[PDB]
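Below, in structure tokens: the form deposited without this ligand, a single chain.
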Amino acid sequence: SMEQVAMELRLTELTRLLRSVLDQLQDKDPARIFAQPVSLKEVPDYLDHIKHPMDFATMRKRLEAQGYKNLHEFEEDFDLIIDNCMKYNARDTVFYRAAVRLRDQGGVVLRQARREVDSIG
């Protein structure tokens, strides 16, 4: 149908906007602490601690399959990255600190993204 196509154009444009959001968030992680999945070879107990691991490469695979229906689902995954880290790592670690800084800096980007998504529909 023509409607399914219109719908698919909106999802594609949302994907376009979320790809830009993802790039902006990922720039706030210049150390690349959050770039890839925590290695289960190197942290073999990780899944005993963290039940839903997340990272930027995994979000990108979902994004490129148009697997985010709305900004809320995208933000859920970004929050997992931060929240998993702040639980697994202690406060005095470079990892915890990196998550706090990503959260704080990401807030600005996510604030305007929400306005853009509501605005453009």
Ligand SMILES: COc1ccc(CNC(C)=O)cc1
Given for the second form:
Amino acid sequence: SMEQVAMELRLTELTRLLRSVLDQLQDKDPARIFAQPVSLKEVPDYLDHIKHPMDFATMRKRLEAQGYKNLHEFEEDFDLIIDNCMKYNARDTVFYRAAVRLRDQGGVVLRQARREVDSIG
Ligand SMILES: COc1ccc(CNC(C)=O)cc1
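Which structure goes with the form deposited with this ligand bound, now that we have seen the form deposited without this ligand?
Up next: the whole complex, starting with the chain shown before.
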């Protein structure tokens, strides 16, 4: 139907917007600490600790399949990256601190993205 096409056009431009957002958020991780899933070969006990792993590569895969229906779904995944890290790693580690900095610096980006998604519809 025409309605379905219209819907798919909105999804496509949402995906376009979120691609930009994801790029800006990943720029705030210059150490690439969150770039790839935590290796279960190198960290064998990880899944005993973290029940829903997430990372930028995995988000990007979902993104390009147009798998984020709205900004909330995207933000959930971003928050998993940060929250998993702040639980698995202690406060005095480069990993925990990178998560804090990513959350802080990311807030600006996400604040504007929400306004753009709302405004553009
Ligand atoms: C192989 O060495 C490692 C692997 C993972 C981590 C923690 N990373 C995250 C995102 O939690 C630390 C050391």
